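Spelled out from the first residue to the last, the chains are:
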Amino acid sequence: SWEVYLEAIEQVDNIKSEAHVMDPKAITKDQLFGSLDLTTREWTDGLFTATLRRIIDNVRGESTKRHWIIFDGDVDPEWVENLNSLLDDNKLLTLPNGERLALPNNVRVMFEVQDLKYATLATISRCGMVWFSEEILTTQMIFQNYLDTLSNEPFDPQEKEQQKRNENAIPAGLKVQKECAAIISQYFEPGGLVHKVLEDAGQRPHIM
Amino acid sequence: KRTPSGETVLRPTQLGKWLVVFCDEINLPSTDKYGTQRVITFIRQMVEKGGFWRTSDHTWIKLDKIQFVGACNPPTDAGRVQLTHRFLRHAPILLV
Amino acid sequence: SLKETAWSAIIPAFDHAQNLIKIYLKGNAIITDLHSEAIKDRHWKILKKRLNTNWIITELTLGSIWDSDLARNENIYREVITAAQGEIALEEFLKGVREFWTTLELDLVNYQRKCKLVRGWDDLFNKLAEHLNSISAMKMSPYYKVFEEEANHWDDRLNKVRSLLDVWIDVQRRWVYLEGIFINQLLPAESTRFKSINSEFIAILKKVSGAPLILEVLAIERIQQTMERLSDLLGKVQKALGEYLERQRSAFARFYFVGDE
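Chains as they are written, first to last, in my numbering: chain A, 807 to 1014; chain B, 350 to 445; chain C, 299 to 559.
Treat the hints with care, as some may be off.
Said to hold, decoys possible - 27 Å max Cα-Cα, derived BS3-like pairs, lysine-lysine: (1) A:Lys-835 / B:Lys-411; (2) C:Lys-437 / C:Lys-414; (3) B:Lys-382 / A:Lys-970; (4) A:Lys-966 / B:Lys-411; (5) A:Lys-970 / B:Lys-411; (6) A:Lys-822 / A:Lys-835; (7) A:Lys-822 / A:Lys-970; (8) A:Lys-923 / B:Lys-398; (9) B:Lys-382 / A:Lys-981; (10) B:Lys-414 / A:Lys-966; (11) A:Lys-923 / B:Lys-414; (12) A:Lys-981 / B:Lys-350; (13) A:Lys-835 / B:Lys-382; (14) A:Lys-966 / B:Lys-398; (15) A:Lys-822 / B:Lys-398; (16) B:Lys-411 / A:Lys-822; (17) B:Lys-382 / A:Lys-966; (18) A:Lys-871 / B:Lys-411; (19) B:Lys-411 / B:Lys-350; (20) B:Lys-398 / A:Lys-835; (21) A:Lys-970 / B:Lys-398; (22) B:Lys-398 / A:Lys-871.
Read the hints as simulated data drawn from the structure, not as lab findings.
Bound-form chain A, shown alone:
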């Protein structure tokens, strides 16, 4: 979704969209916000604080494009309470070194999460929220997306390469993919086999 909305709004106002995605907890809180050396008192930025600053300091034309700083992962009050006063109404990240970086108008901070089991009213309140229910994406829209990638995207990284240069100037692999797209296409259609098969599977028990 944001990928589609991000690449589409870039083609309406004619401005470059740019997503900076990260896993807020695939790394430690200190690696994310930065820390203070316990001898020289030097402040070193986190991955988030750095990317924000990169924008603020328009050294590489950040000012000529809209940014989206994305956290793709789990949310808890601990790793967020350092982001509150930047999401309330003061748009101001205030680090321990006291430097406090400003949130430009050309920036947006999002989250892509599965659950909120550990988020508090205090951590949700100051955030807009869109809910994507599994029911949106139909099993069918998935089969269809599948059959189209198989018949349009070659398994061979060498073929896509041998297909792209050609465009800028159907390997045998893909031709076989296309032909199969056609042989199996029918078991995917509505009330079909795959469908009937999937429905059954899900109503059975699995180790995980």
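Given chain A's structure and the hints, the job is docking chains B and C onto it.
Structure of chains B and C alone, referenced to chain A:
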């Protein structure tokens, strides 16, 4: 290895070979106070997003020929954590 | 012939010889024990006297040892074999203290082109506490005698280093704070008393950067006094700044709503 594009990628030092990282009790990693198995959100990241962030110089690293395999006991056993759904999405399962 | 084989050399009527060999075989346990890295000169000396023997260590064959009754005297050999094995456990301990401290250079880190400070504090203390204790505990050993002169050197040396570091971590802390401040025109009196500290601190610190060998800096002209002298001063300065903020605050109450930094 900094690529022509200007991007840096992590790859096996061994010429012409995919490193296979076999993780034996993948479901054992303890969660934090907030139900998160970090090694697992980390591994999802590599598998789903293509890489990870080097926290020393803030550069995104794109794996080249690296893959993971996992094995473990069913979550019903003691000590086993039920793997997040964001992960199992990329993890095909074979019961033995 | 075996009898003829010297030490660096050997390596682990009918009924007369039969038994004689029978004994050497039994004894053999000793010969191997009596050939380990544990047995030093002293031990062989000890063996020459406790057995009242008139031979020189320099040239010794199995025959020399088999001469005395291995069976009848295993007892005195054993006492020694044990003493030697006991002593090396300590000797080997000293090897650790020795090796670690003799080369150890203070972990310095840059401080915005001004100098470089000492890092690794607690790492130093844990070692200082491990060694120190063991140095003490190794003083109730049936073997302590030997090494007991070095034990006393490390015990002194290391305490001096523990004392040196304590007054140091303080000077550095106190300094890293007050440094960033020195307003000078506002509190001249202390600004000047700090300039001087910051001077001999940077000074001192360069010399440390010279030879960062902890044991070498320890040998600096009365640095234990000097660091204690500097800590004291920085203390009288830190207190100085507190009272000034206590006035700045009591002169504009709303200042109580902000922190010292």
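Hints, one by one, checked against the model:
no., hint, result
1, A:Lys-835 / B:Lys-411, "22 Å, holds"
2, C:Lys-437 / C:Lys-414, "39 Å, violated"
3, B:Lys-382 / A:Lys-970, "48 Å, violated"
4, A:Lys-966 / B:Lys-411, "19 Å, holds"
5, A:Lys-970 / B:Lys-411, "21 Å, holds"
6, A:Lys-822 / A:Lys-835, "30 Å, violated"
7, A:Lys-822 / A:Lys-970, "23 Å, holds"
8, A:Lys-923 / B:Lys-398, "24 Å, holds"
9, B:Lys-382 / A:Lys-981, "52 Å, violated"
10, B:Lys-414 / A:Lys-966, "18 Å, holds"
11, A:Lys-923 / B:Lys-414, "36 Å, violated"
12, A:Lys-981 / B:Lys-350, "34 Å, violated"
13, A:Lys-835 / B:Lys-382, "14 Å, holds"
14, A:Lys-966 / B:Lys-398, "20 Å, holds"
15, A:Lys-822 / B:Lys-398, "21 Å, holds"
16, B:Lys-411 / A:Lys-822, "23 Å, holds"
17, B:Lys-382 / A:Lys-966, "45 Å, violated"
18, A:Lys-871 / B:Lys-411, "24 Å, holds"
19, B:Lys-411 / B:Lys-350, "10 Å, holds"
20, B:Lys-398 / A:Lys-835, "20 Å, holds"
21, A:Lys-970 / B:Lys-398, "23 Å, holds"
22, B:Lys-398 / A:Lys-871, "23 Å, holds"
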